[PDB]
Every structure is written in C-alpha cells, then in structure tokens.
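Peer 1: The lines below spell out each chain.
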Amino acid sequence: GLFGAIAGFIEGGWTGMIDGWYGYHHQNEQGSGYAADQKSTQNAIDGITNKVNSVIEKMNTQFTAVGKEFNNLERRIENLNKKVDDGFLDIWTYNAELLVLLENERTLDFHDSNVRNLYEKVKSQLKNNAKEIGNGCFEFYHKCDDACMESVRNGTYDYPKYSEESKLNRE
Amino acid sequence: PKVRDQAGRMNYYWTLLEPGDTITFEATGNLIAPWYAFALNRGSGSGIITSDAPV
Ligand SMILES: *[C@@H]1O[C@H](CO)[C@@H](O)[C@H](O)[C@H]1NC(C)=O
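Respectively, the protein sequence lines represent chains D and C. Residue numbering for the first sequence follows PDB author numbering, beginning at 1 and increasing consecutively. Quick note on numbering: the second sequence equals residues 221 to 264, 264A, 265 to 274 in PDB author numbering.
Rather than coming from a laboratory, the hints here were simulated on the basis of the structure. Hints may contain errors.
[To be verified] To give an idea of the chain D side of the interface with chain C (calculated C-beta under 10 angstroms), a few residues:
| hint | residue |
| --- | --- |
| 1 | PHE63 |
| 2 | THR64 |
| 3 | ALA65 |
| 4 | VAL66 |
| 5 | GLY67 |
| 6 | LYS68 |
| 7 | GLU69 |
[Stated by the list, open to error] Pairwise CB distance ranges (calculated):
| hint | chain 1 | residue 1 | chain 2 | residue 2 | range |
| --- | --- | --- | --- | --- | --- |
| 8 | C | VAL223 | D | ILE77 | 24 to 34 angstroms |
| 9 | C | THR235 | D | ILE56 | 44 to 54 angstroms |
| 10 | C | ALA259 | D | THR49 | 51 to 61 angstroms |
| 11 | D | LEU108 | C | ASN261 | 52 to 62 angstroms |
| 12 | C | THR269 | D | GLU11 | 55 to 65 angstroms |
| 13 | C | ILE243 | D | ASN53 | 50 to 60 angstroms |
| 14 | C | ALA247 | D | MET59 | 49 to 59 angstroms |
| 15 | C | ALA247 | D | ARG75 | 34 to 44 angstroms |
| 16 | C | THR235 | D | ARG76 | 22 to 32 angstroms |
| 17 | D | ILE56 | C | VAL223 | 51 to 61 angstroms |
| 18 | C | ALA247 | D | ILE77 | 32 to 42 angstroms |
Heads up, the beta-carbon is just placed ideally off N, CA and C, and yes, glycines get one too.
Same shape as in the complex, but just chain C:
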C-alpha cells in the first residue's frame, strides 16, 4: 500500500568509514546516492532524552 502517496519504498543504510579507508559504490539502478556526509569525533556515555522543557 501507499504511504504518503507512494507505493514504492526506499530503504536507508549507513556506515562509519574509518580514516584512510575507501568506500565504493557501484550501481546499474535504484541507488539513492550520498550527496553530503559527516566526519565524526567519538565520545562516551551519553544518550537521548525526550523533553519539552526549554534549553
């Protein structure tokens, strides 16, 4: 069935590319290509909360 007017579906995928490594995309169709990506600095012991209180 249709969701938001579309009977099609798109699946979303992600990966963390380590420094110095290479990622390769090959396709003969159906690829939703990366346009922008994000270089990340990692840190521990946090998480996500839900609140309507003002920051």
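Chain D extracted, bound-state conformation:
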C-alpha cells in the first residue's frame, strides 16, 4: 500500500480483535490480550460512512421518468430518443465503474494511513524506552503493567517515570 503498513511491514491482520478496526495486543506479567483503539476506529468508521452516504446521497431521485412511443414516420425522433438513453447509459456506466475503482483504492489507502499513523503515534510516545521489533511491535526496557499499558493506549504514557529504569535495562 501507499503507506507501507497494511500488507506491508505488518504482514497481516488480527482475527482475535473483534471489537474494532485498529488496536493493540499486549503481553505482560499480569496476562495477555487485545484491545481496540477506539478513537481511530471510530474516526475511520465515521469517515467511511460519510463517504458511502455521500456517494448514495448525490443521486437525487429520478422522479417518475418513462420511455416514449413513436409511429412509423417517426424513426428519426425515436432514434434521437435511443441515442439519448444509450448515451446516458454510456456515461453513467463508465462513471460508476471508474468511480468505484478509484474510491476503493482511496479507502484501502486510507486504512493503510491510519495504521501507519497509529504506529508512529505509539512510537513517538515511547521513544527509547522500548525497542522496535519491526513487525508493529514494541518491546519495553522496563516493566509495564496493565495500567501502564492502558496509559500507552490512551496516550498518557509517562516517559520520565520509566526512563531511568529503561536506561538501566538498555545498558
């Protein structure tokens, strides 16, 4: 993908996280588990829902609209009618197929972006108190219990609190 994460440096998805599009898996002394990142998931859901709704919404309804009939000395106007209907059919078929193609690409790319940005967000919180594995995972140089983990997940991680300890294990 454009942003290199999904089907990228993170090879695959997690069938074990059923409650969100994006999130975290942790393992520590207290136990192990998945937790969805609520904010990014909900932002993406709202965005994509707005996209679909906006595609559907722009088709102001067709009010009652019908085919025309013609007598045997009206072939030219009948053909004008057919030219109009066929022409509109060409335009709407091309536009619908191509639009769906391009927007599908954009949606997938949007997800890839959201994953990369969540990863870099966590990365920028943790800095050198953890080492990047490379597969989307971070390994702590300090003990990080459940409260600490949740602090990481909600962006309230306290770097100075664990910096000295981290520095101790890193060296």
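Fit chain C with the ligand to the known structure of chain D by using the hints.
Peer 2: The following block gives chain C with the ligand in isolation, referenced to the frame of chain D:
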C-alpha cells in the same frame, strides 16, 4: 384491398374539449357519431410499458 373482409375504411379522430366549451357536429353522411365520451383529470410524467408479469 379488404381488411377483415372490408374494402371500406374508417378513420378515427379525437379531441379534448375544455370545460365550458362546446363541440358541434354537422353531417350529410359518413359520420360515425360519438355515443360515449370520457371526462378527464390530468397528471404528469407517466407512460406505458409492456409486461406479462402479473399485477
Ligand atoms: C489512560 O490510562 C491511564 C492509566 O490507567 C490513566 O491514568 C489515564 O487517566 C487514562 N487517560 C484517559 C484518556 O482516560
């Protein structure tokens, strides 16, 4: 030539008579006279389709 046994022909004509107006028929032959007519209320954007599907 004959169609449905008849070498004669009949032409059919119609008109919409507006409210309050009068239509007058005069003839010395050949008139197929109105017997029943239809008073109409108008409405837009419909049309006719051909289908064998059940209503
Ligand atoms: C995030 O989690 C930490 C640790 O439990 C907590 O202290 C903090 O209040 C939480 N912040 C939010 C956004 O609720």
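Peer 1: Assuming the hint says 55 to 65 angstroms, is it satisfied by the Cβ distance from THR269 of chain C to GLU11 of chain D or not?
Peer 2: holds (57 angstroms)
Peer 1: May I ask you to test the interface hint for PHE63 of chain D with respect to chain C, counting a Cβ-Cβ separation under 10 angstroms as satisfied?
Peer 2: At 7 angstroms from the nearest chain C Cβ, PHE63 of chain D passes the 10 angstroms test, so the hint holds.
Peer 1: Starting from the hint 52 to 62 angstroms, judge whether the C-beta atoms of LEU108 of chain D and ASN261 of chain C obey it.
Peer 2: holds (55 angstroms)
Peer 1: Mind checking the hinted window 22 to 32 angstroms against the Cβ distance between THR235 of chain C and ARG76 of chain D?
Peer 2: holds (27 angstroms)
Peer 1: Note whether the CB distance of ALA247 of chain C and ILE77 of chain D lies within 32 to 42 angstroms or breaks it.
Peer 2: With a Cβ separation near 35 angstroms, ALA247 of chain C and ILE77 of chain D satisfy 32 to 42 angstroms, so the hint holds.
Peer 1: A closest beta-carbon separation below 10 angstroms is what the hint needs, so does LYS68 of chain D meet it against chain C?
Peer 2: OK, holds: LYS68 of chain D within 10 angstroms of chain C, min 7 angstroms.
Peer 1: Given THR64 of chain D as an interface hint, is the shortest Cβ-Cβ distance to chain C below 10 angstroms?
Peer 2: For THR64 of chain D, the interface hint holds, since the closest Cβ of chain C sits about 4 angstroms away, which is under 10 angstroms.
Peer 1: Taking the CB of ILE56 of chain D and the CB of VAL223 of chain C, does the distance hold inside 51 to 61 angstroms?
Peer 2: The hinted range 51 to 61 angstroms holds for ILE56 of chain D and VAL223 of chain C, with Cβ atoms some 54 angstroms apart.
Peer 1: Given the range 51 to 61 angstroms, decide if the beta-carbon distance of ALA259 of chain C to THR49 of chain D lies inside it.
Peer 2: The hint (51 to 61 angstroms, Cβ to Cβ) holds, given that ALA259 of chain C and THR49 of chain D are roughly 52 angstroms apart.
Peer 1: Indicate whether the distance between the beta carbons of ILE243 of chain C and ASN53 of chain D respects the range 50 to 60 angstroms.
Peer 2: At 56 angstroms between Cβs, range holds.
Peer 1: Go through the hint on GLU69 of chain D and say holds or violated, using the shortest Cβ distance to chain C against 10 angstroms.
Peer 2: Because about 7 angstroms separates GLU69 of chain D from the closest Cβ in chain C, which is inside the 10 angstroms limit, the hint holds.
Peer 1: Hint validation: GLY67 of chain D versus chain C, beta carbon distance must be below 10 angstroms. Holds or violated?
Peer 2: holds (6 angstroms)
Of the numbered hints given earlier, the model fails none.
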